[PDB]
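Colleague: As a plain string of letters, each chain reads:
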Amino acid sequence: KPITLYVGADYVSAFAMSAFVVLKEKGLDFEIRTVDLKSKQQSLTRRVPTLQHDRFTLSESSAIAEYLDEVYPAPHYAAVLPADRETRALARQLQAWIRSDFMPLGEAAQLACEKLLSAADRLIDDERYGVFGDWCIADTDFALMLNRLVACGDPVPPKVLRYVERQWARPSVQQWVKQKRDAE
Amino acid sequence: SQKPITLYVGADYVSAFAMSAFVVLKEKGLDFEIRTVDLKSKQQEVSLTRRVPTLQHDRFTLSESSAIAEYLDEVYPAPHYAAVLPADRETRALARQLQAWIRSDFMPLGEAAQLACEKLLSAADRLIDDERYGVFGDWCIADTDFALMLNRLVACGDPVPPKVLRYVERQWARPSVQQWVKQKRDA
Ligand SMILES: N[C@@H](CCC(=O)N[C@@H](CS)C(=O)NCC(=O)O)C(=O)O
Ligand SMILES: N[C@@H](CCC(=O)N[C@@H](CS)C(=O)NCC(=O)O)C(=O)O
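Top to bottom, those sequences are chains A and B. The opening position of the first sequence corresponds to residue 1 in the numbering used here, with each subsequent residue numbered one higher. The opening position of the second sequence corresponds to residue 1001 in the numbering used here, with each subsequent residue numbered one higher.
Just so you know, the hints here were simulated from the structure itself, not pulled from any lab data. It is possible that part of the hints are untrue.
[As the list claims (entries may be wrong)] Straight-line Cα separation of at most 30 Å, DSS-like style, residue types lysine-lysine; simulated pairs:
| no. | chain 1 | residue 1 | chain 2 | residue 2 |
| --- | --- | --- | --- | --- |
| 1 | A | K115 | B | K1042 |
| 2 | B | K1040 | A | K115 |
| 3 | B | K1119 | A | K40 |
| 4 | B | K1119 | A | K38 |
| 5 | B | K1184 | B | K1163 |
| 6 | A | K178 | A | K159 |
Please model the complete structure; the sequences and the hints are all you need to start from.
Modeller: Here's what the structure looks like:
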């Protein structure tokens, strides 16, 4: 089915990358259309990314991953969400947390940092490729968010740095960076 | 006998998101204890994010109210239990969209406030119809979330179509929400 991914003209939204990665990790074909923010976005929410699946349209990268996982499920397709029920819960928590907290990224800023660091330290481990074993779309979201530790003030454990490096190295993510470079 | 369930909420019963999780449990007819978290500044053990709500299901703990809704819907599904998410795949994706949007936009609620006000009213005008009880027809948890958020229209400066006033009223009148204002009241 014809897919079109609506994306920011400058290719910098972590949430547009998310949706892009989902489509790539699944091996699905899609056109990219761009929305020049400042201010052409004025999709129900009037934000990017927006997904066009045949006639059906959908915004919010989290909803987008959820929906493509249902329409294109394992085994025939790669699952971007965990298969285990409560691990699926945890990836959902992680996605929704990342999307609705850490706004300060200063008392407020220092607190976000302290929560982000604390979570990195408790969720990441060298023995596991993602935080829950196999990569899921939450890993890509978490890595992207963890790049803000660079602006905080407390020492970051190397296991966290390795995780961010590991996750950025994924071919799906790398196609995004190449897509971004081809302009121009 | 079902697994024990506990819900962590703010001690003031104010959170729109605490209320959301509470509504899911109540719709499904599940037993649960309620435990409270103060501020300042007790959210700083059972919660990775240090925000309310947090759900404890038997031994499993889970924060983020939308993730809670998705999880309770999987553990206690239709038809054995009332569903809080739409059955239709496309419609399910739209409720998921609405939940996330609510939880990640509308911060200004000015000029960024003006834009959020505008986006809110336009969504309300497009999704609410007197012929449909919820935005999708049958009630889902997205409707409680929407109705709570729509109460911010009161602080804006555009006239509000009575059809959305009715929706908000409709949604606040569910026995599950009322159970919440009753539990809150008892404090
Ligand atoms: N939670 C949303 C985030 C969407 C979002 O924040 N999009 C930004 C990307 S910069 C945007 O469209 N900003 C333009 C605007 O809101 O006017 C998701 O994951 O899709
Ligand atoms: N997306 C989250 C939002 C949760 C949230 O914002 N909780 C507030 C209650 S108003 C909170 O815990 N504030 C304390 C804090 O963030 O420090 C959800 O649905 O659970």
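Colleague: Hint by hint, where does the structure go against what was stated? Just the numbers, ascending.
Modeller: none
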